[PDB]
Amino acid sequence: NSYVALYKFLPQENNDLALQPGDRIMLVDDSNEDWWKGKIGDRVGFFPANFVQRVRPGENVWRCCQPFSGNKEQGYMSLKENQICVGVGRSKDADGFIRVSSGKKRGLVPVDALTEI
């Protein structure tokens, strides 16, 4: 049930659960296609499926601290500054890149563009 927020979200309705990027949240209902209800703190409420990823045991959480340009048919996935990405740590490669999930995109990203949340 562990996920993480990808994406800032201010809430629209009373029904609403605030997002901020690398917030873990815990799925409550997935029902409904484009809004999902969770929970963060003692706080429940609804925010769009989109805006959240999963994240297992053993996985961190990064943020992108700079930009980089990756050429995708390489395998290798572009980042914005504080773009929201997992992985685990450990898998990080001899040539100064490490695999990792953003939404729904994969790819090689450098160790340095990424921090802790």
Second form
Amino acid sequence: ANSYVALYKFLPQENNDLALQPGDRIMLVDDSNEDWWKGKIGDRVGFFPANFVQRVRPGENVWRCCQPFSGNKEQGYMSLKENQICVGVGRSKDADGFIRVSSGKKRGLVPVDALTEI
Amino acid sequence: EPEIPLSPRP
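Could you switch over to the form deposited with its partner chain bound, since the one displayed so far is the form deposited without its partner chain?
So here's everything in the complex, that chain up top.
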């Protein structure tokens, strides 16, 4: 339960910061502090804003938005802007329908054709 | 895009 993906760019500002690029895969090391987590991307370790990342659970895919999509709150359809990162379970090429994704504090159903797997 | 926390780093 330690796997996350960076949603937003984070430029290191201070010693021990871990630079984040959108789509980076993070192993969480320490979540003692509510605001600043420690984790590892690739060969690097450091601190980053806890609110800049999204949990990736086993079985879930990570996606980047390639074609923007206007959502609707009453329908539970989440908006996607170009290059937005989101996470959810994909389906086969054969199945038709929106999938449920999470993107930080927003969540909802989205078209798979709006997305490219990363 | 959330604000980077104003709180101190650990």
